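*Asks:* Here is how the chains run, residue by residue.
Number of protein chains: 2
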Amino acid sequence: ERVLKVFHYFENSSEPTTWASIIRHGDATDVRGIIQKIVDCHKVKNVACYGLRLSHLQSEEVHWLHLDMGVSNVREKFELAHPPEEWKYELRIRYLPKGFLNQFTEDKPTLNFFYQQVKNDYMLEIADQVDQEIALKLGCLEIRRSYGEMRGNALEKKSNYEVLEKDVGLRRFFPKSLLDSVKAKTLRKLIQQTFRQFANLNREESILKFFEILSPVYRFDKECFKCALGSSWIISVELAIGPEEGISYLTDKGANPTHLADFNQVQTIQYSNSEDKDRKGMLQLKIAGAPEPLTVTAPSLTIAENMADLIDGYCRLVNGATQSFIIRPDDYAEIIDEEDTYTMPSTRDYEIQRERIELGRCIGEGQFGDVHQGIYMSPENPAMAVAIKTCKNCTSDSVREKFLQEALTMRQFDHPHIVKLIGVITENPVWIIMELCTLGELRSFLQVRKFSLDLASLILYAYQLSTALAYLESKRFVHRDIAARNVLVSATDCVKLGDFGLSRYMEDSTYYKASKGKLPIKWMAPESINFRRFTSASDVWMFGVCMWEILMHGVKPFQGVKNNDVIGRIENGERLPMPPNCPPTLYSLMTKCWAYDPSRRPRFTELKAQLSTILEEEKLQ
Amino acid sequence: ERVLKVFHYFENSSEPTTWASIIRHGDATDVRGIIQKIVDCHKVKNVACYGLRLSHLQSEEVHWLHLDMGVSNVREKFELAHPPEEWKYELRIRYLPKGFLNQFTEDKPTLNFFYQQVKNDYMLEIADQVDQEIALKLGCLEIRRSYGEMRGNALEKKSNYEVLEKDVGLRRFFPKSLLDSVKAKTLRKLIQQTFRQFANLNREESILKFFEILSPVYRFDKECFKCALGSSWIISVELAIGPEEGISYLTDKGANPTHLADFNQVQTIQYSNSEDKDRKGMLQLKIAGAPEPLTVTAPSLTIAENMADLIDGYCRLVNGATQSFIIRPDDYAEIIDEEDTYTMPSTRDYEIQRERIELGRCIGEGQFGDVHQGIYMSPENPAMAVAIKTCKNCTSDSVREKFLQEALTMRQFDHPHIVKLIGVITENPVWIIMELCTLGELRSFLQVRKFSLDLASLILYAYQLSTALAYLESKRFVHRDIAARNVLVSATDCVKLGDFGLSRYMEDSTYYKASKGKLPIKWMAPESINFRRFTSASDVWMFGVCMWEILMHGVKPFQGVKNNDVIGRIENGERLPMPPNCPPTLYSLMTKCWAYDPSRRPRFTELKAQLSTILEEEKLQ
Ligand SMILES: Nc1ncnc2c1ncn2[C@@H]1O[C@H](COP(=O)(O)OP(=O)(O)NP(=O)(O)O)[C@@H](O)[C@H]1O
Ligand SMILES: Nc1ncnc2c1ncn2[C@@H]1O[C@H](COP(=O)(O)OP(=O)(O)NP(=O)(O)O)[C@@H](O)[C@H]1O
Ligand SMILES: [Mg+2]
Ligand SMILES: [Mg+2]
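Just so you know, the protein sequences line up as chains A and B, in that order. Those letters in the first sequence? Residues 34 to 362, 395 to 686, per PDB author numbering, in order. Those letters in the second sequence? Residues 34 to 362, 395 to 686, per PDB author numbering, in order.
Calculated from the structure, these hints are not laboratory results. Be aware that one or more of the hints could be misleading.
Identical chains blur together in the list; that is why a pair holds if it fits in one copy or across any two.
Using 20 Å as the maximum straight-line C-alpha spacing, the simulated PhoX-like pairs for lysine-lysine come out as follows [to be verified]:
id: 1; residue 1: 583; residue 2: 319
id: 2; residue 1: 191; residue 2: 515
id: 3; residue 1: 515; residue 2: 190
id: 4; residue 1: 218; residue 2: 621
id: 5; residue 1: 255; residue 2: 581
id: 6; residue 1: 199; residue 2: 657
Sequences are here, hints too, so could you generate the full structure?
*Replies:* Below is the structure:
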């Protein structure tokens, strides 16, 4: 079963780039018939025009993908490489005839496709960057386009513009450097006066206006490349290939490019590697009636092959060709509507959208603010029960950066018992993705659920923590404050370690330092109390404090004790008494972790192996 | 990839029969090595003792499954039959030696297995049936067993028994006919005085006490069958096969059975069909030194083959055999912990558990009470965002039965746009499973989201309703009150029909009748206003009322009109004006549904085909 998801820019109802191709295809399926189907699903003229492209979520180098290069062969060639959920496929225009605005004015759906496309690259690269008035123009053009039938006096009104700026929220297409820079009534009046003049245009006309104003700030007709040109004295330039010029290239970054020939004169194409270990590609260009090749060498065979496709497809387009002028050295598909959407992988997007959220209420309180419960919406397995934490004060950037540091650290984990953060927010009050622990804190449940606990339950609590902090040691961070207050319950047979505010990555080199905060002493380990030395030693220690308190029914540690007397009685090697009904080897391992030799307190991985054995003995006997 | 889920009675921490085998096996895997692994996972003696069984969720006839009958061959033999999520596999004891209590007292984990097992069948069949004192005894024995280490003065206390009766809730193992029959302080004192005498026992002893008291109310040692015996004058009796007798059988339902021989005298076994078209099975029984067979014929070859396994396995058990005395006419497995739990199907359980729920708050108000938002927890894709509706008054059984009738009707649907109810509750305030529509009612969103709507959006609203009510007509119910108030929004590109309080199944024969309620006239269709005739006619009518109001931006129907004047102006054939910005063929189909000929108002299936075409034209142009 071969299924492919192909993003595109054919307008859909809900959010603007969730335009997702469910394509079922065969083993021999070419890109030709796939996209043929995709466009026949939208009654379009332009046929040899859309460039199919590759995309790796966690990278930036891509492949403008050939057609007869087999679909399954791509799937081979780049799942031999990396897992698919980071891979991704993208379809785009790459080609434009002479008056492309006109020969796509005849084809309105492709005009919208190119619109969405060009604007895509815009909002990627230059959205929060190019100036105020530029983006205001482009944004109110975006208004009048997306609104095919809105009035002209629509946004003249007080409350009804409050509608847009609040309920919609203009993060969709108005960018940051404006929107988080202006007063309320100010920005009201500002975009009023902007929108006053664009009251009337339709899809076609609004869109051609967009191009009219968008041409200078970026040459969307082309895509600028850098390379080096020459036969055997060679020089490293910028490069430009587009319909406005055919093929020309520069003498200054600011030069009017020096034309020499168009795509129309092309005979054939070839790409090949730079002839050394550099990750680079040659590019030679034989042309009609030319004894001469326009030789180029640029940072990649990747883009070399892609540029070969560039010339090949303008040849196809603005001649009568539809064939491969690239000199190299049965099958049916069907666009799936919904069915079961089998089968997407996991997500990794950091930026968060604010529409698909349930607003929650009090679940927990953190150092930076209240905690919340909500659900996120996506493709398969949607409306996921999820949670968020927010900061009460946004006047200090410092706590903002720590609040960020949470997620920016907590990204990279991977285990069945480390909690599922996904995303990042970037405005006040910045909030968080939380895999909600439905059960909540284990101090309160243990306190009020005395008759709802079992010997196996406490052991498996410790077992989950075992594998958890084992994985920490496999990937080197010192949590510094492990506690049931910071321990969450997912379900009756499943706990999870949280609270990574104090967690640090050791360069494996010895200790961590100290900053500020009244961390509880009774829980803390002696060497660290004395010298700010948090390592595997105190890890095993407070791990044992945790195992203890779990098995205590979680009564407060060192009951009726003073933090100064604590370390003195530790210097008297005093450890806390066994519980009632405590089994032997479990307590034995607790004592092993109670070794006043911090170096010889045993590790969690070994304790987990021991906990695994103690758990079986308990369930057995 | 072959994976199997096998329920069992080996105690786990959380709810008592969610004890789920994740078994990965091979193409040749016998039941022998599978269960060998399952028990080696629990360090058990008893080896040739557990009977593997089949189970069909929506039926009651099963198969006590043979061992060397291939696992994949079962999967064949009964997925050629029906879909798997209704199929199910079950493992049990079927065999007991002479002093089975003793030869399982040597094997405590199997003692618990048999405990859970026998109690399973108990709570299936006779839980809410056998008398007060019987179940009180059994229930406080259940207490002292599940509590391996609780005190004896534990439930002597006021608040701490309030703990059990509230937070636990005794639906787990105390049954209905008591629990919903007694006053608060009464039942407190009652089960106090019950529990006073069982203060001390352990697993082993509590469990043997359970058997001591449980033997008379049911002969768990055996399972009673009915059949007919004789060579060529034949007679239809009840039958009993167990270890307490070996093999004996009755002359009265109340007779002391007349023993003739044990399992020990058995030579060989055979089962075969009743020799006619009856769905029945023969059962012949050749015995040691016997010229005679103990011939039986009973309602099924199913149970004939199973009883062949009965005798075969007591032979195995209480002789030195481990071989198949049934006369018929490489492979490795590994118990999976969690991994990804691939791959379970859909659920259909009606009875609801009250532990895995989030308590919600006001989402909507129904005729019977407030509506709520919560999440359910299960195996794969758990913590699902779900919803419930409750009734304010529980003093009227009538509204209870209608509130039940909701679900008991709404069970059988199947479509991507009919809403996902699952379960049934059976005590005040009875609540409901709801696939939450996160967006909510479409009247309010349309009213306050005037600038957030698109032409495609309204068309696809109508399209979803198209396929929905098309499926109604394919399965024959008249909703009677279709409306956006009753229309829900799942997501921006997805609406769902709800409100099945008025919905009725036509025997296809003409009309439905009328009861009571101030249903809105403006929405209703003329013939039904006049004669209580709700059929495809009024279906198409109010379907058009719905399409209209959707396209209206949902302003109230017949603005400033009196319900009496309504039908008069209908008799003047008056229909409501086109909207602003209304497209042609969409309005045309609205008018087609506006035909004062109710017989010739076109159906939804044809409208859906037309809506599908109008939607494409809009997205195209
Ligand atoms: N994923 C979650 N699921 C459920 N509740 C959560 C979750 N995350 C945080 N909470 C709640 O918020 C409380 C504080 O979380 P925590 O991560 O310990 O915040 P903190 O700012 O580091 N507080 P502190 O323990 O003093 O360092 C927890 O005790 C929970 O009640
Ligand atoms: N599945 C659901 N998801 C979200 N909200 C719901 C859901 N079911 C019901 N509601 C809410 O409860 C309200 C009443 O639901 P409904 O099924 O129409 O009840 P009713 O008793 O039949 N009321 P009525 O329309 O007068 O016949 C709806 O308008 C919603 O606000
Ligand atoms: Mg913290
Ligand atoms: Mg109703």
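*Asks:* Using 20 Å as the alpha-carbon threshold, which applies to residue 199 and residue 657: within, between, both, or neither?
*Replies:* For residue 199 and residue 657, the Cα distance exceeds 20 Å both inside one copy (59 Å) and across copies (41 Å).
*Asks:* Reference check for the pair residue 191 and residue 515, CA-CA at most 20 Å: within, between, both, or neither?
*Replies:* between (59 Å within a copy, 15 Å between copies)
*Asks:* Reference check for the pair residue 583 and residue 319, CA-CA at most 20 Å: within, between, both, or neither?
*Replies:* For residue 583 and residue 319, neither the intra-copy (74 Å) nor the inter-copy (83 Å) Cα distance is at most 20 Å.
*Asks:* With identical chains treated as interchangeable, where does the CA-CA distance between residue 218 and residue 621 reach 20 Å or less: within a copy, between copies, both, or neither?
*Replies:* Answer is neither: 54 Å inside a copy and 34 Å across each miss the 20 Å cutoff.
*Asks:* Can you give me the call for residue 255 and residue 581, within, between, both or neither, at a CA distance of at most 20 Å?
*Replies:* For residue 255 and residue 581, neither the intra-copy (55 Å) nor the inter-copy (70 Å) Cα distance is at most 20 Å.
*Asks:* Please work out whether the CA atoms of residue 515 and residue 190 approach to 20 Å or closer within one copy, between two copies, in both situations, or in neither?
*Replies:* Between copies only: 14 Å across, 61 Å inside.
Hints 1, 4, 5, 6, counting from the list given before, are not met by this structure.
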